[PDB]
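What follows is a single structure, and I will ask about it in a moment.
Every protein chain of the complex appears in place save one, which is left out.
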Amino acid sequence: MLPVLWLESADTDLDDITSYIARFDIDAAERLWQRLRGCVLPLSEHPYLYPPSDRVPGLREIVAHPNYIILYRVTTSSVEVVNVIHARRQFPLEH
Amino acid sequence: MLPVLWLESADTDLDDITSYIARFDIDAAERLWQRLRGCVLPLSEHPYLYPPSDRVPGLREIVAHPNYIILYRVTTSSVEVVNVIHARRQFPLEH
Amino acid sequence: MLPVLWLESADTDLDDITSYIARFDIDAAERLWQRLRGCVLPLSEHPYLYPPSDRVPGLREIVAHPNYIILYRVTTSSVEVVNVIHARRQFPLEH
Amino acid sequence: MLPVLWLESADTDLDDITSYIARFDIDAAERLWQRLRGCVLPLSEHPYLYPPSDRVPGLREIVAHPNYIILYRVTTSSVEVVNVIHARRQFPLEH
Amino acid sequence: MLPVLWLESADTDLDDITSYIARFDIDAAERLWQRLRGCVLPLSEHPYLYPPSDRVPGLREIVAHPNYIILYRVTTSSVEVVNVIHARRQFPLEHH
Amino acid sequence: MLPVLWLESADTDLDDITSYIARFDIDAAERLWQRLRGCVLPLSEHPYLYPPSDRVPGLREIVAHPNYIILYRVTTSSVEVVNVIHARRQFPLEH
Amino acid sequence: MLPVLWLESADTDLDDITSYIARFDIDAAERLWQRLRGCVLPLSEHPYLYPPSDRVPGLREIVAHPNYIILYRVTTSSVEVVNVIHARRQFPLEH
Amino acid sequence: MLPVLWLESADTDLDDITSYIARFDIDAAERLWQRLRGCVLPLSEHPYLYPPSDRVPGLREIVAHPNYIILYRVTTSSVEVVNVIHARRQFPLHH
Amino acid sequence: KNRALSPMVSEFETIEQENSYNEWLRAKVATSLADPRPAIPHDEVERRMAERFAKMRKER
Amino acid sequence: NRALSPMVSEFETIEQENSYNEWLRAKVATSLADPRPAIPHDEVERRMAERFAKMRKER
Amino acid sequence: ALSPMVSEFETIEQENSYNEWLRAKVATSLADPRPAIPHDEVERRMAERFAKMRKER
Amino acid sequence: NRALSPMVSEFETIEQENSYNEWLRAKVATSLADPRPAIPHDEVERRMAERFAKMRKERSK
Amino acid sequence: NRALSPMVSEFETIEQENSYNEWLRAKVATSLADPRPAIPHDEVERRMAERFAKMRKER
Amino acid sequence: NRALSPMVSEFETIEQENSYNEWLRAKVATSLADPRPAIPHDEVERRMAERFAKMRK
Amino acid sequence: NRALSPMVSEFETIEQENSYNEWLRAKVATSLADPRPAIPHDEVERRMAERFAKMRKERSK
Partner (left out) sequence: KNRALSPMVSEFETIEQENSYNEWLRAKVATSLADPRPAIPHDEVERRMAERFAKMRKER
């Protein structure tokens, strides 16, 4: 079993995505977090489930939702969630 | 395990999608089939991995690509791919 | 992996419990079904998680909620949910 | 694998609960310790088995018995048992 | 994981052993079953935890107790308990 | 994982057992060391595999061979092999 | 589980190959049968283990030995060994 | 489930093999990497598909292609790919 | 002689309550195991639950 | 209907979303009603291979 | 007003009171400076306490 | 650049796809350069929990 | 034969050890020959549970 | 034509490979066209056991 | 003291079992109290492998 960790950049992504969505619909933001959370925890037992990313070598992409992708990687000791991004737009940004 | 089967409707969906994409880029169509193929076969050992569908009770949805969704169901004897659709447009049709 | 099935009696139990709770709070009914659903689906990959039943030899008991217990058995071919009962009262009753 | 560790507050909870039960029935006390111990040790291989706590964010709850709940957390290095509490009464209390 | 199953011979051994120990001490019989059961159920997630037997090819030996050995084997679909025997004496074999 | 360590007294036991055996059958002394070595190595990844000791609370007993027992304990930082003893005789004695 | 069946042509291949080898080294013939047999028996629990064939669509290839390939396919109801062939020479050849 | 890891030697093997092939055909080399990768990741859920090698005790051989063999071993904590060699000639001879 | 049970030692209030319950439970299970209808896949239970809730919500 | 943010939904209006989901439900309902048997996955692979092979040969 | 089919608590004020007790109990528990003890030390203490209880009878 | 069918790409042009992919590579490179260690998943849940709670308090005031 | 050391063997002599091992293979042969299907672990649990109940009751 | 390197291909030329693959697709098509039932793996084992026994006589 | 059946106990009598278990806790209590540090498993492997090397070279004169 590999434990699931998040990089702080991925938690920032998460903070920014749920914040922006909740300015329109807070229940949708909460629904999205529940999807993301549910995509990620089975990686603990099946870390190689998702395809290796062709745009970022060394990571894998979950298409969690038609608008959101989770980028993650499998280390010696853990599954690391690296970023959560919008699938079509360059969002979340800056910081 | 459970063996993986396609309903004939799903194979038609798959023909309609790849053939349409292949008007513009046949490599894109072949990449997409390779993606769908690789989402579906691990269902044979982890059929409950993807979330229940909120739109079609009794099925589950794989977001295989930001534009395509696979709908499948877990029966007593098999995993059945039911349909492959576009995630945002009403495409393809049904004959 | 063993597939998860419910005995018809267990689903009647489910129907009896959720309909009674919904007389008071549909939301609470859905929440409990969401909990029961979540206790049984990892049995597909870890059939012997919960302890052998003291009262019904051959079954195992999940205490899904301080008021509800799931009874299940691991057969040669499947995990079957056998009943869902109130933990302190004799409910759902007979039919 | 994560090692399983008890916070010291959690061990005095255990001391309080079994002490109290034992004034009425030692076997019942010892049967409960056997349940709690058997619920917790598989957390070293299935730390995310039990649902997040709604009441105590960051913790997870085991309903070990219709009357007892184990609260635990999954850290970077270990699984920690945080408290053991009666599920419906505010017991054991604060010494 | 692999599911855990017992051949009927293994369940018979288990019957012979516990009922015999129970002639003398029924708690000792019950404690031994609890040991044997707890040696076997981990095989579901770690079937190869024990090394192949030198004296019975195809099988693996668990020394559950200084007096009792579990023989099991890993198949395509399951972990199968094949026999439960005394480690030192030719026990049990019923005389039918 | 937890590193596996031997208490100095365990290595003395292991020394006393192998030298006594080998003044009969040195290849048997080696076969036994190979058994004990193989019993102990997986403890780094499955430290709770073997049952608690009934005669020494806080330790666990491996019945490595019908005549030999390994006593170990799992620690905040390590698995520690504590003693290796004959299972029916009081051997090795201290010195 | 899907049963493993052989098409009569596959058994003829296997007859032709083992008999040829047996004219030089019957123990090598037996070792080869033992190897092919070993590649094929887990197909009943992992039918999709080996990759889709590029040159024969609908089949899958096992490189059982540097000189021998097994062709098989997964049907609705079974796994069928279709042919056993030499990896480099056109052998066995028709009757 | 065990994580899949490569020894530095095996990645050097990979580097030289695909380098040499790419002198003649980059696409052939890329397809061979895709085959090798697909032979190795299913080792994560079934470390023991392949039988013990009889010429390299401790290792298991996958014949991934009629010209290439993967040597791997199963440890207490991981599947380790040890080397990737040519099946027939002594090839290949820092990362 | 019934005994009362402390709520920290039992989820039942008296041993009669507990014994009665376990006999009811054992009987409930025996009946379920004797039903000859086939077991249903989990995801059809999903379908049935989804529609039951839908039905319940179409009222007020 | 009113527009939804591209961060909140993959549809541009509630009306478009509802339309899609009733379309999807209809599609699935016919799929399941089809009397023909399900085909094994490797048969789908065989058909895909040939479908591509055709497309390519027609340049 | 909670049916015992609905909640292990009888009202929402008694639920919230339990949840606040719990939250404070956890806060206290997590703040303690003392190191966590390995599971098998807990087993050792548990064994000692039962042994002591059974003796004193 | 060249416009793309909404059924071939999730991007409208090849220019926008290349810009996105370079942006994403840059984002990942920043992420993996951050010195701070990773946090357990359940700490992410704890933070998510408290942020939603915060948003709901603010929304009710 | 001649007596083995209790620190070397669980058997008193070599002949005794070879007899046991031939007995053991005989047992394993019979078990694999039995045509009956293997039972799930949890049915062994229930047979044990009932065998202990009847033992205890008859006392 | 074209010669091929023994670390690129298990074949020596591009026709030998093409020839093999055509022969293979042919062999398979014949195999699938044979109208006899498949036999269970166990029968193949028994057949093989007998064929080896004959060979050792 | 009263005999035990060899299917029931690995000890011949109860006195012999108690004698053993008291010896065993005494042996343990000593091991835990020893001030010397624990050694990695690898060092035990090396020590052992060297202890056999010496043995067989010894049985060669």
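Labels A, B, C, D, E, F, G, H, I, J, K, L, M, N and O are assigned to the chains in the order they are written; within every chain, residues are numbered from 1.
Convention: a contact is a pair of C-beta atoms (placed from the backbone, for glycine too) under 8 Å apart; a residue touches a chain by one contact, two chains touch by 3 or more.
The residue touching the chain not shown here, chosen from G:47, G:52 or G:66, is G:66. For the chain missing from the display, the contacting residue among A:46, A:60, A:86 or A:88 is A:60, taking the whole complex into account.
Across the interface with the omitted chain, chain H contributes residues 3-11, 14-15, 18-19, 22, 26, 29-30, 33, 37, 40-41, 55-56, 59, 71, 78, 80, 82-83, 85, 87-90, 95. Hidden from this view is one chain, which touches chain A at 48, 52, 54, 57-60, 73-76.
In the full complex, chain G makes contact with the omitted chain through residues 17, 20-21, 24-25, 28, 65-67, 86, 88-89, 91.
Quick note on the criterion: only the chains that are shown with their structure count from here on.
Following the contact convention of this document, no chain is adjacent to both chain H and chain I. Legend: contact pairs of F-O compared by residue number with D-L, A-L or B-L; the interface matching in over half of them is A-L. Listed for chain L are residues 10, 38-41, 43, 45, each touching two or more other chains. Shown for chain G are the residues that touch two or more other chains, namely 1, 41-42, 45-46, 48, 59, 74, 76, 87-88.
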